[PDB]
Amino acid sequence: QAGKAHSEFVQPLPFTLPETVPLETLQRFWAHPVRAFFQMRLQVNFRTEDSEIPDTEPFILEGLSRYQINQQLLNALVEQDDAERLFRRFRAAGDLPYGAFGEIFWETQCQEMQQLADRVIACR
Amino acid sequence: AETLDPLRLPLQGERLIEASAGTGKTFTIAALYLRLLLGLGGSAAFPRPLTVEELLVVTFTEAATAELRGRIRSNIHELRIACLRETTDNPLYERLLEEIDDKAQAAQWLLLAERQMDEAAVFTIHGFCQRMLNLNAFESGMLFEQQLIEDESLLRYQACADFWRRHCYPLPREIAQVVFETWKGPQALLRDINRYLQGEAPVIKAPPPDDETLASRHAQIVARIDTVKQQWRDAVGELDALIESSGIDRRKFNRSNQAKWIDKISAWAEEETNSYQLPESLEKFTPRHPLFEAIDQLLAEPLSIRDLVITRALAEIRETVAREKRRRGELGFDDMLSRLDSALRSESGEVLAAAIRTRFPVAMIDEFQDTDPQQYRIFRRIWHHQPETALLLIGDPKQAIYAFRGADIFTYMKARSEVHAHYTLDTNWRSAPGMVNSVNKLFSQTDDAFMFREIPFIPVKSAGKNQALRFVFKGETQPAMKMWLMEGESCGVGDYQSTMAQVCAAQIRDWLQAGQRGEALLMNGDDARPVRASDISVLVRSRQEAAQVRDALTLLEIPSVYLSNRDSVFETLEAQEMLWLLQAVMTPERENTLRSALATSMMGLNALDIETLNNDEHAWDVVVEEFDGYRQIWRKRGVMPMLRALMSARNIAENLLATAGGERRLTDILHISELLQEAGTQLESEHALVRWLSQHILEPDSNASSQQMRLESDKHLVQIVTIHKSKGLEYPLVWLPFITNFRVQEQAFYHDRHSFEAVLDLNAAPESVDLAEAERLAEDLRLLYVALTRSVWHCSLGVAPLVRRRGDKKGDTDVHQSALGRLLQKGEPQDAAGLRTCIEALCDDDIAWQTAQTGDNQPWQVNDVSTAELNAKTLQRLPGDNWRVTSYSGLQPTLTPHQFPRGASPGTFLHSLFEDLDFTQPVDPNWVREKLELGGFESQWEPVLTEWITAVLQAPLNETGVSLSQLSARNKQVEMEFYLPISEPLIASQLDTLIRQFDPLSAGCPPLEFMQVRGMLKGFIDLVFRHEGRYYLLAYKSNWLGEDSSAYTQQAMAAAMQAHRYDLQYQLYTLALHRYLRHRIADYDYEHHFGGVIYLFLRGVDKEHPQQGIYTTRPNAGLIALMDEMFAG
DNA sequence: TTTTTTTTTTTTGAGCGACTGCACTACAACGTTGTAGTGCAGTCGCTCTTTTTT
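As they're listed, the protein sequences go chains C and B. Taken in order, the first sequence gives residues 812 to 935; the numbers are from the entry's author numbering. Taken in order, the second sequence gives residues 5 to 289, 304 to 910, 938 to 1174; the numbers are from the entry's author numbering.
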């Protein structure tokens, strides 16, 4: 029991503010200040391993895939494009459930994105 | 009922022993085991004494079986000693010795029982079922070898996905809309039916017919809706009912809402305004037309497709799982019970049951509350009413808390109705008499407190030796049960939990603050003990309230442990840190992974250290060099040597032990290292272990080996333990903050009160919901009795007027819906003042109450002490000299033999061909073809190979011209194995000079370097043969890759001997042959008997060249004696 | 048959049930006005146990 304990990670570092600080640096700072202190000052980025391949086809839509589908549907309905063409495009890649359940998911997501677009393109 | 004496129990027929909580059940089992072994009882005894391999003891928990086996072995040894001495120190052993007349035969039987204790028939349920399936496999129909699987959820989810594929994919839109409204996917269906897929399949009340599909039910409901729509369209446009004060005049607008409702029948959900068109609701707010009655008949039953899909899933998924496990040949835990029940269900298996009556004519079944109906059906099939066989069901209906696992109290009620005799244990040896009187006072307020007729409660009696147990405070003697009534009218769930957790933490810190000064004590008679942190234990039921208690207790500087923590070690941050460290070790060239691994909490560096490491290139170079050394250790020695060198060079273990709260992190790191070493031996590649660690991080599945262990044992901690994990344990002081929290069962899965069978009601009938809520309340009362009967000195309760209903102030509270309030309020709904008066009504010397006080003064005092000096011993010398038994290798046209493939396997094939073939007989081509078939070579090579073999056999290898055909079977000896001793350290400089002094081939050949070899030397000589009274040696070398022409002359063979260093091998062969001929033949001379050593190169033997292929050498006859003197000493 | 490099995250609870505000009519007290019951809409708590069998 004759060892030194773990000292604190927080230490006062010397830093001089440069002349030209871009807006992207301020946006990356104010998105996450501790992450911008870690991965840019001391260049420590904790790189996690990628996710494994799932064993079955997607029966439901949740997470990043649902968010990307909603983002592309909102970018399509903001120009008043054909929702059925994007439905066939997402169904041809297998990202949608097979048969009627993918149609029901696309219909409810189209209803939600149309409710959002009726407020978005009202003042565009 | 009657009291149970272990020396007066009649062991005939079926007996039912009800051992209460805290009673000596394991002692009564050991007493009955000794009674069955010695054959005691007189008229109530067994007709014959039985051996150890005839007494069958069945207990569910494996640790309980191991403890019972050890206790029975100790009891057998103690009774053998007491019978040899005719005296003992135990009164039950005294009566056991008084019951027997003979001592020598009993001592011999106890000695034979001690020697046959390893073959005792004390198994579990599944172990006994597997043993009976493997023993009598013919009448049952079981395979001899099968593979048990631990997890069955993967195949169950696969079969559920297959059912959802083959049932939900071809449905049209109008049916798939309702299917999507019922469940989002197969995961919700599996989550619904997972409590019915495992265990015994329940009987569905009113099942659908086998020919009704989803489309027929959909068309039936569509027609039922369309009939009501037609009856609304026909009787529209009229209003004849009287307008009431409750009935507003906007109902015509609701009729307008029903006017736009009838457009298509593509939907499934009707409007709520039909609830306004009910005659039973309009009369309560005059309806004469039957359209309102047809609407009420439509809303009488819910229009749902759910029950048919659930029935098809329960019919398909279990069958697919059983078919897949029959195809793969695997087995499960319940599959042994199902196979034994199906074997006893058959006609021949009854005779198999007679074989079981031949195997064990007795049965003592412990823990009968945890009995499946298949187990009781088996035990009724074997041991119902046959003579000379006894059945002893030792259990407790007040402890049946494993209904979630598969147990059922209705099976115990059927067993109690079937058997005739009942026995109970009166004495309780665990708790103080105050707690015993509190338990007997709380549970005997009303009649049938467990709400069932077949579960009666009896007042237990306390022990005479523990009647002086007192938990004393600074003021006076604290009572046994202290119901802390939380004050207020109505409170929520989280606020009540927070307030009772704060009150419990305040009581814990008051007991610890007064316990360290000698004020709060545990007194046994006159002996006293201060209350440490390990004495107080909080009994919770869920994980969320356990975390609430731990957070409310760690705020007051009180450490607490969670005994029911089953979380995996791979889900913590230390597993990710070890993964980053292994990725930095495997790839130390890229600085990004090394920088991400160095900044972890395992290394423990400041930001200034990381900045100076990024600035200084030489320190990063040293880090990369030491990580390359770690990679070299990891590639040569393994996982744990690399981890130990990393923890010793960086000294991170001492830094984690110096840091407060880092010992649990160090134990997690050590367990992760042990698991990585256990998984690294089964994997060959180095990246495969990293992928396995990342997968086990991504897989939070809980195995028995991959769970978190206890961090420390020396430091006393407050042990939080759930009620199911506290069954059979013992705690001095017990706090129950959330004993009033209850949860209402929603699903309708009950048991019939007459047939005692599992009835699953897929329709929402209120009678099934009430019958399930009654069983839920009985389970909550059994959990209350389990949680109450674990305290020894003092128990504290948290009472509050908890309201599960969403209304805040409704004038009544839901404590009568809980288990504690059913005994406090006598099963009657009351208020908070009524609950307080019911609490204050049952006030005795053991039962008191106090209000909940919110307040904190100071957390605690550490009162640490110094550590004495300690040192480690150091080894003075080397552990061992270089002793190793080694060999010579340790000290170092289109078809032609030149076109033969050169390798080790063809060399060994030609060596085996020359070993197995006889030299006198001519070579047969079909034998060469069969040998090439056995070896696996090409068949076209065979007719050239045999003539080449005869060309080898026709070529003589001697200085006189002696062929191999002249050697008889007694003269030849193939593959002589010799061991040669050497007691001196073999110096290469003293040996190579002695070789070069006499051997002429050592002119070149710079000397090889080898360590000092002391010990034995192995050798395998190919052939030794005598001829005309002279011995000769023959070896085979057949690699010969670099020669295809006739260039293998004596110069090329001498160059090959100098390059491959076969001179030392031939010299050791000459030394071994000289020692062999000296040991075997008396009057032996080296010059007279030995003739020389012949080396036979197989690919160099030609028909026209007799000298090519053979190499004859004779030593100088002076090197052998000096080498023998060197090897001897 | 030869060969070229690359550093950016993003998302995620909703149905059940109560509280209160606003409107709207029904009915009795003083044609009109005050009291009471009901319905629609915005806003807010809450909540989803326990474990071990070779």
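One or more hints might be untrue.
Reference excerpt, derived from the structure (chain C facing chain B, CB under 7 Å, subset only) [as the list claims (entries may be wrong)]:
hint	residue
1	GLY814
2	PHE826
3	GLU830
4	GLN883
5	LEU885
6	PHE912
It is worth saying that the hints were derived from the structure and are not from the lab. We put the beta carbon where it would ideally sit given N, CA and C, even for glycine.
Here is what the structure says about each hint:
With a cut of 7 Å, the hint placing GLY814/C at the interface with chain B holds, because the nearest CB-to-CB distance is about 4 Å. With its C-beta approaching chain B no nearer than about 11 Å, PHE826/C sits outside the 7 Å limit, and its interface hint is violated. About 23 Å separates the beta-carbon of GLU830/C from the nearest beta-carbon of chain B, more than 7 Å, and the hint is not met. Checking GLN883/C against chain B: minimum C-beta separation of about 22 Å lies over 7 Å; hint violated.
For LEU885/C, the suggested interface contact is broken, since its CB lies about 23 Å from the closest CB of chain B, more than 7 Å. A least Cβ separation of about 6 Å between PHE912/C and chain B falls short of the 7 Å threshold, and the interface hint therefore holds.
The structure fails hints 2, 3, 4 and 5 (numbered hints given earlier, in ascending order).
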